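S.K.: Listed here are the chains, written in short residue letters.
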Amino acid sequence: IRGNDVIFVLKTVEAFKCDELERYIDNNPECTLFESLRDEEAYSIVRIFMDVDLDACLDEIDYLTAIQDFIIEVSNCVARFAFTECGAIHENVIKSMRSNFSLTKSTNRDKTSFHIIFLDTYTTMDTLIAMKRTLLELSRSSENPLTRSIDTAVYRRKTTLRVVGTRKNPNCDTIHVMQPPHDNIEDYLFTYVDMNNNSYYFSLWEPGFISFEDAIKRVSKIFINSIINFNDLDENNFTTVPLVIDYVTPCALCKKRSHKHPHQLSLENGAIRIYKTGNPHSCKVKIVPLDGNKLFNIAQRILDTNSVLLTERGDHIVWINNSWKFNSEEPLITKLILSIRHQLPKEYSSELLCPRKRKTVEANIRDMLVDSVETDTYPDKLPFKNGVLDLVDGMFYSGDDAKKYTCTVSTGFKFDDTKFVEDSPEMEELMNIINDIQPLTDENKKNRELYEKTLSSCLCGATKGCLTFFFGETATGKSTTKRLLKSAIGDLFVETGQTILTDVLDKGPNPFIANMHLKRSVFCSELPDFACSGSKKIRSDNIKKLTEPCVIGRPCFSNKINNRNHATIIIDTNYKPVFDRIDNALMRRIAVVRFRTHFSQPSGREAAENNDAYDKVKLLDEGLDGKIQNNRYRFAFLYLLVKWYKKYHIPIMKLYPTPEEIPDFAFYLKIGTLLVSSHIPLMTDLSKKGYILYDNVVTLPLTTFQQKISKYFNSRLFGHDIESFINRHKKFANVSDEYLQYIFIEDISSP
Amino acid sequence: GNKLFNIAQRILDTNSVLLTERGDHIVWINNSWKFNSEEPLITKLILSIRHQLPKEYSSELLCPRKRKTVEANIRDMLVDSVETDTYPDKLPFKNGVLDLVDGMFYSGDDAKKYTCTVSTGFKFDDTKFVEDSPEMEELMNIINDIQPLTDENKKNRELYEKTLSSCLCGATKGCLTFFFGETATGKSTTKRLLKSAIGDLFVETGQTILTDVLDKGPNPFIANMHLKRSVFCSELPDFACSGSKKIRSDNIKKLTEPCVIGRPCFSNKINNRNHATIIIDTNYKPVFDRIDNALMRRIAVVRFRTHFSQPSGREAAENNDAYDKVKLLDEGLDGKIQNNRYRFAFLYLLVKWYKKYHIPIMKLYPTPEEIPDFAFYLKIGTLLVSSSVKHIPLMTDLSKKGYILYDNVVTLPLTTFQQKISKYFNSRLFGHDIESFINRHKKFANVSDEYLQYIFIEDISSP
Ligand SMILES: [Zn+2]
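Top line first, the protein sequences correspond to chains A and B. Just so you know, the first sequence maps onto residues 5 to 16, 32 to 223, 236 to 709, 713 to 785 in the UniProt record's numbering. Under the UniProt record's numbering, the first residue of the second sequence carries the number 323, and numbering increases by one thereafter.
None of these hints come from the bench; they were simulated from the model. We put the beta carbon where it would ideally sit given N, CA and C, even for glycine. There may be inaccurate statements among the hints.
To be verified - Derived list of chain A stretches under chain B, where covered just means 3 residues or more per stretch with a C-beta under 8 angstroms from a C-beta of chain B: (1) 345 to 352; (2) 555 to 562; (3) 737 to 747.
To be verified - Result set (DSS-like, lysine-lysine): computed pairs, CA atoms no more than 30 angstroms apart in a straight line: (4) B/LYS568 - A/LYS567; (5) B/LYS649 - A/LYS576; (6) A/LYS151 - A/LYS130; (7) A/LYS315 - A/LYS287; (8) B/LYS658 - A/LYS390; (9) A/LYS576 - B/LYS607; (10) A/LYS765 - A/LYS745; (11) A/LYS325 - B/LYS568; (12) A/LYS591 - A/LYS538; (13) A/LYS765 - B/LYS450; (14) B/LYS550 - A/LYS538; (15) B/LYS649 - A/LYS677.
What the hints assert, rightly or not - Okay, the calculated bits of chain B under chain A, using three or more residues with CB under 8 angstroms as the criterion: (16) 377 to 389; (17) 450 to 457; (18) 463 to 472; (19) 634 to 642.
Assemble the whole structure, with the sequences as input and the hints as a guide.
M.R.: Shown next as structure tokens:
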């Protein structure tokens with residue numbers, strides 16, 4: 005659509036532009052033109068507009084407060100309707116609606132009418148048609164005289180709206196005068212679509240009220256004083272007889288001792304309006320409802336601010352003090368009900384001070400929350416205690432903006448821009464520490480890049496399909512890297528023991544199984560070396576099961592077993608891992624990060640001078656570990672992590688395994704590179723080489739195979755591995771021995 | 323007269339709340355039978371079905387102490403129980419029900435009749451549930467790659483299609499299919515496609531219950547499956563690993579039974595219904611601790627011959643007898659599986675296979691010929707025959723061929739039978755199996771005499 009600059013009008032027809040309409044209006048002040056839609060189907064996208072009419076006069080203060088509350092209520096209700104039905108964003112709609120709006124007026128001083136248009140919000144006419152019932156409920160479920168007077172009509176096909184500055188009728192001289200700051204004729208058109216940057220768009236007496244006597248009693252209680260002309264009002268004289276009151280005490284509505292004329296009660300929109308006659312500003316207007324609870328309307332107003340949603344599992348997440356809290360032990364809805372009373376009208380705030388009413392208006396909220404939402408869906412954002420830091424752009428959001436993202440976890444500490452710097456001595460000290468841990472030589476280049484990549488994945492809410500191994504001799508200070516990462520990433524990071532590396536992953540109630548829920552990094556240290564006999568091999572089942580994007584595990588006294596998996600798993604030790612089970616999936620799901628830095632004191636430095644444990648040796652310092660424990664380089668290291676993530680995270684970043692540094696998998700690699708599955715039309719070459727083919731399957735004797743492979747590989751090194759491989763690929767039968775099928779790649783190449 | 327009872331009667335008369343055999347209530351809120359017991363939904367329903375009442379009645383459902391009274395009346399008025407999901411030829415989505423008999427999807431009150439609780443967890447809008455979509459051709463290309471349409475690949479592809487189509491039929495299937503390849507040669511691809519297609523109903527498992535004890539304990543794994551239309555057990559524990567566990571045949575028989583006896587953790591509701599297909603993805607050969615004629619009827623074998631490799635090792639993959647055809651590895655396949663792009667195309671393919679095979683049923687047939695070990699256990703019986711009436715009249719005619727006659731029955735010495743069996747079977751490999759088969763069929767006439775009532779078919783054929 006890209007907006008429309010043509011305004012179609014009806015004289016009781033034309034298609035004029037902004038300048039054309041302005042010139043025509045200036046030429047003819049008395050012309051009556053109604054702005055409508057030239058074609059309903061073509062340009063159904065229009066602005067959001069409302070028309071309000073209340074036949075009474077109000078002063079400046081009352082009008083100001085009433086219009087403020089009217090904007091608040093209408094914007095919240097429309098944003099809630101957009102969120103539930105049109106799939107929009109609540110915060111965006113609220114911001115667009117409250118940012119800028121055009122408000123007209125009426126030249127008549129005996130009544131208050133206007134047409135209000137929200138400039139930046141645009142939606143299809145079908146959406147405004149569907150909003151009919153919701154807006155009618157809002158109109159009939161409020162106390163504000165402006166909100167109660169909303170005309171739900173004008174939401175029909177091919178509707179028309181009276182243009183500003185033109186008389187509605189030739190006989191009626193009253194016209195609507197524009198108000199600051201718009202002052203332009205294009206700012207009061209409900210079809211003038213002007214989509215731009217700061218904008219948003221979305222799309223898909237009746238007896239039945241109450242007994243008369245109770246209404247009369249309510250009116251009398253409002254008047255406080257007794258009615259002089261009592262026992263005279265009935266069904267017929269409801270809006271005819273004046274209400275004469277004795278001025279025993281000053282009027283509750285006006286606070287004055289007396290007035291020139293009595294009051295009068297009228298019926299409108301299922302409510303009773305009490306107003307004085309003669310001078311209009313002598314007494315205010317009193318509104319009396321005729322249906323609905325008072326505790327249900329409060330629940331609706333608290334609900335349609337989108338602050339008490341429920342999760343996809345069944346937990347009600349509330350928004351208190353700029354953070355999405357939630358607890359399943361002491362539910363927080365009553366805290367929210369108490370703390371939100373300031374954003375509610377005067378009559379709705381005194382109710383939320385009795386604890387027996389903040390349980391009624393809370394049962395209502397729980398009964399109105401049907402269907403769920405999804406939490407922590409955007410993985411490129413880091414939730415801090417006072418907001419959300421964006422990673423792709425680096426901009427920080429605080430306050431209601433962070434509400435847009437259902438961040439159910441947090442790092443635990445606030446975000447400070449002063450410490451968040453680039454050129455600081457702490458940054459240089461951290462860079463020196465990292466260089467000491469990771470020398471930047473060309474030999475280390477690839478390993479250092481893998482280090483930076485696997486260390487920067489901690490700022491990702493997505494799931495990763497690899498498990499990097501920190502392999503390095505002692506005194507390499509991997510604990511320093513662990514401490515720096517913990518200080519940078521807050522309480523999201525978790526350190527776990529080897530309990531998951533040996534036992535069954537799910538099995539029974541495992542605390543680390545549930546703790547992997549939404550934690551962004553899991554670290555294991557000092558692995559139980561399986562080189563010595565007795566220690567269990569690294570459970571291949573657990574490693575395979577930890578890679579999936581889901582976690583299945585239920586702790587003691589619980590039933591939930593589904594957890595979202597975001598943690599990057601890192602294992603650090605000085606011993607090569609040993610896994611009893613081996614398959615191609617394992618060979619494609621293991622990465623190794625090598626450490627070649629020795630941090631040793633001078634006393635043993637000579638002992639480390641010729642040591643083969645590390646490719647370099649340098650003096651250590653006991654005064655650094657405490658510094659890392661004191662969150663010294665926290666924000667500089669966080670900046671480094673952000674830079675690494677930016678330089679590494681392409682539109683799709685993946686953890687690539689490195690199956691070359693693991694000594695155990697080298698045997699399988701050598702076997703595969705020298706022997707694979709056995713090619714029918716190559717019998718002559720096999721016969722020349724000595725091998726024979728029988729029953730369409732080339733075979734050799736088991737003793738012959740052992741003799742052939744004796745020289746190719748060291749039998750004493752991996753005799754158990756060779757026996758296990760033979761058992762796995764065993765075939766048996768045939769001739770007078772077992773059957774072994776393979777191709778000697780080294781012999782296959784040689785003719 | 324007592325408006326709070328008229329409201330309860332009116333809400334009850336729309337059949338929105340039902341009582342189940344398990345003791346809980348199911349309500350029809352938001353186009354889904356929200357079976358739940360933690361936070362009862364009867365008050366949510368009472369608030370929801372509120373405009374569908376006269377104006378005088380509808381203004382009293384705004385007080386929680388009156389929604390609770392209406393709930394009490396409903397609970398006291400229910401009384402009797404109705405069964406849960408029973409229709410097998412249906413597919414419930416969180417946006418309605420799809421009838422696979424005619425492939426017609428619809429929601430609302432028309433979907434209320436089928437009390438289908440468990441759903442797929444998403445919505446179906448027939449966006450691309452058609453045959454003219456190019457996505458159908460894109461998925462069919464991968465199907466041809468994994469399963470070639472070669473005329474030689476007829477029985478294998480037929481079993482593949484049947485085992486996939488059985489994932490939608492909600493009855494009890496009495497056959498287990500084994501996926502036998504070399505190393506993830508499209509098995510993971512098919513598993514991901516099946517998971518994307520249906521979802522929710524799919525369950526993934528590895529070993530565990532398939533090998534351990536399936537009863538006699540609080541074992542929750544067996545009770546975890548319930549009304550799930552597909553259970554997929556991958557990574558069999560490679561029986562030939564010098565101590566690897568052996569899968570019990572009784573566990574297999576229990577899995578293929580219409581009912582499952584499994585005690586949930588700290589619960590007394592042992593009985594469970596079976597609506598799942600047992601599919602096993604295995605890299606090595608299947609070896610069982612005990613094989614009997616009963617197990618012959620419960621095994622189906624599906625093979626793969628195309629391996630997913632890359633041009634980096636294309637030559638290495640081409641020189642392996644495991645793979646019959648090789649294609650370059652894809653990286654966008656992971657993205658497509660992650661974003662569920664091929665949902666509707668794969669659902670349409672499954673529905674078409676269902677229509678093709680359901681004539682008028684989708685029965686599964688075991689195929690034990692592909693299993694290597696199972697061959698001898700039946701060939702031993704095939705190579706011989708129990709003595710019959712016709713063989714009984716042989717008398718000395720059979721004895722002239724080295725046999726003996728006892729109790730008007732042809733029988734041979736144990737050593738002679740052992741020599742005859744070893745002359746046509748792998749004695750070293752199946753020595754224990756041969757001994758067990760002899761012992762089961764052994765006939766004892768005395769302490770020293772051990773003569774079996776079996777005669778080799780070769781002697782019978784030879785005149
Ligand atoms: Zn007054």
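S.K.: Each of the hints needs a verdict: does it hold here or not?
M.R.: Hint by hint, here is what the structure shows:
By the rule of at least three residues with a Cβ nearer than 8 angstroms to a Cβ of chain B, the coverage given for the segment 345 to 352 of chain A is violated, with 1 such residues. Coverage of a stretch by a chain is defined here by at least three residues with a beta carbon nearer than 8 angstroms to that chain's beta carbons; for the segment 555 to 562 of chain A and chain B the count is 0, and the condition is violated. Only when three residues or more bring their CB closer than 8 angstroms to a CB of chain B does the claim for the segment 737 to 747 of chain A stand; here the count is 0, and the claim is violated. Straight-line distance between C-alpha atoms of B/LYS568 and A/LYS567 comes to about 21 angstroms, which keeps the hinted pair within the 30 angstroms bound.
Between the alpha carbons of B/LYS649 and A/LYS576 the distance comes to roughly 28 angstroms, so the proposed pair stays at or under 30 angstroms and holds. Distance restraint check for A/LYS151 and A/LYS130: the Cα-Cα separation of roughly 25 angstroms lies within the 30 angstroms cut-off, and the hinted pair is therefore satisfied. The straight-line distance between the Cα atoms of A/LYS315 and A/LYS287 is roughly 11 angstroms, inside the 30 angstroms bound, and the hint therefore holds. Among the hinted pairs, B/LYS658 with A/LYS390 is inconsistent with the structure: their alpha-carbon atoms are about 48 angstroms apart, more than 30 angstroms.
With a C-alpha separation of about 23 angstroms, the suggested pair A/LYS576 and B/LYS607 falls inside the 30 angstroms cut-off, and the hint holds. As the CA atoms of A/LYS765 and A/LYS745 are separated by approximately 24 angstroms, the hinted pair is consistent with the 30 angstroms bound. At most 30 angstroms may separate the alpha-carbon atoms for a hinted pair to count; A/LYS325 and B/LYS568 exceed this at roughly 69 angstroms. Straight-line distance between C-alpha atoms of A/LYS591 and A/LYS538 comes to about 15 angstroms, which keeps the hinted pair within the 30 angstroms bound.
Only pairs whose Cα atoms come within 30 angstroms are accepted, and A/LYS765 paired with B/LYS450 is rejected, the gap being roughly 48 angstroms. Distance hint between B/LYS550 and A/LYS538 is fulfilled; the C-alpha atoms sit about 21 angstroms from each other, no more than 30 angstroms. Restraint check for B/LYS649 and A/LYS677: the C-alpha separation of about 34 angstroms exceeds 30 angstroms, so the hint is violated. Using a Cβ-Cβ cut-off of 8 angstroms, 7 residues of the segment 377 to 389 of chain B lie near chain A, which meets the minimum of three, so the contact claim holds.
Coverage of the segment 450 to 457 of chain B by chain A is violated in this model, with 0 residues showing a Cβ closer than 8 angstroms to a Cβ of that chain against a need of three. Counting residues of the segment 463 to 472 of chain B whose CB lies closer than 8 angstroms to any CB of chain A gives 0, so the stated coverage by that chain is violated, three being the minimum. Taking a C-beta to C-beta cut-off of 8 angstroms, the segment 634 to 642 of chain B contributes 3 residues in contact with chain A, enough for the three needed, and the coverage statement holds.
When held up to the earlier numbered hints, the structure conflicts with 1, 2, 3, 8, 11, 13, 15, 17 and 18 and fits the remainder.
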